[PDB]
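Single chain ahead, by itself, as structure tokens, in the form deposited in one PDB entry.
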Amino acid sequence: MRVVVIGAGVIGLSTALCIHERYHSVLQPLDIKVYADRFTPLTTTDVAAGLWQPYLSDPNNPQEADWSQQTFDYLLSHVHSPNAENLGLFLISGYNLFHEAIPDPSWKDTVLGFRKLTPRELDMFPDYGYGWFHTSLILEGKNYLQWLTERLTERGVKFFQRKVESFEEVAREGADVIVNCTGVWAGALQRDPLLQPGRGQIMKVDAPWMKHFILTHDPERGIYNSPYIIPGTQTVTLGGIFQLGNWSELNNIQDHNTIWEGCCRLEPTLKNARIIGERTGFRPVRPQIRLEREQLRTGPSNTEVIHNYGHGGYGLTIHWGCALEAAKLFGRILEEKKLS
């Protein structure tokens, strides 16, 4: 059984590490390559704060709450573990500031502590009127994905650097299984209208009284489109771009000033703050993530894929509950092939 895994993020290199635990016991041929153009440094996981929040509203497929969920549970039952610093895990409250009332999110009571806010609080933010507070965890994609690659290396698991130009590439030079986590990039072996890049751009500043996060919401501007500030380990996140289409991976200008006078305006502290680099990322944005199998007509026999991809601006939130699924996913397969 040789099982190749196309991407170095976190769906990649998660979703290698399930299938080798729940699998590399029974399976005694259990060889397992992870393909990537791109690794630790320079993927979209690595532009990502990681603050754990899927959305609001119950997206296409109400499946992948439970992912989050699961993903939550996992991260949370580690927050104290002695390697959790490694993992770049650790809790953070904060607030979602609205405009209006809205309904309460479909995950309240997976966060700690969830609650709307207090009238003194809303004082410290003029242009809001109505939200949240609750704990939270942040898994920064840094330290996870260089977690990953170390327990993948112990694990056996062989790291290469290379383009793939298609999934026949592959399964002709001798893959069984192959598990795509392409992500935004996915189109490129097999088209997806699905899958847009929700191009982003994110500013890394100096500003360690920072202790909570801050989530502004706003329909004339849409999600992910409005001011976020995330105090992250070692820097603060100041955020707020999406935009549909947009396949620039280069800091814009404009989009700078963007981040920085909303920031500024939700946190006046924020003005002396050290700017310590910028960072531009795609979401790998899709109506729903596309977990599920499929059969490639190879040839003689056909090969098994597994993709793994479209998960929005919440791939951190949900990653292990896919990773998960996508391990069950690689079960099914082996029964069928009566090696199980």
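The term rigid core refers to the most C-alpha atoms you can superpose between the two forms while keeping them within 1.5 Å. Numbering follows the first chain given and starts at 1. What changes on going to the form deposited in another entry:
Here the rigid core is superposed between the two forms, and of 27, 276, 296, 42 the C-alpha of 27 is the only one to shift by 2 Å or more.
Given the form deposited in one PDB entry above, what does the protein look like in the form deposited in another entry?
A single chain, with no partners or molecules, comes next.
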């Protein structure tokens, strides 16, 4: 069975690894290749801080809540492992701040120690009257892509740098199954008017006294259009930009100033922090993830496709449950191939 995974961000690499681990067998070996136009450190996944946190609103597809919890439980089970440093995986606590009262999120029982903030805690944040505290996990995107890449490479998965122009192009080279993990660019291989870029910009700063994340919200202005601060292993991410429809892969000074001034109002100690770097990326925004099989006609043959794209601002948070779901769909293909 020749499988091609298109895409080498967290979704494509985790899906490739899950297909291999579940379905590369002694009596049915797979040949798996990854085709991608960009690899680490140059994907969207590489821009993400990697905090596990779904959106505040309930997902349109309720299975996505399961996939996020599966990812959390999976990662939590390994956070105290000696492997965790190579994954970029660690525990972190922090604040979610609101102007006024809001209902609890659906994921409040997935994270550890979820509670409302107390009055004395809220006194630390002059602009916010309500919020949460909990403990979650960070899975840093660059690190984890590097780790996934090493695991794939040691299992014989080969990687090729190319921009694919069509599913037919890949089918003509002999793929029996294509897994489409192309993030925000999926529309170029098959039009999808529900998929749009949600452009974000972040700054990385040296602020090693910051031991908590701090996410603020202004839901009417949209998720992530409010300051956020997320300590990583080496540096702290500052952000708070979400611009639907904007395809400019270029840091801009207006968004720089929005991020800096908003995060320094939130946390005045950041005025002393050295700015290390700045990045832009495109969240693959869709009303729900597209995670589903399709049969495509590709010249003289049909080809099986699994789509796995549209993970918005939560691709690291949900990737493992999606990758397991994609591998289940792959097993349905194999079961049907026996019954030819």
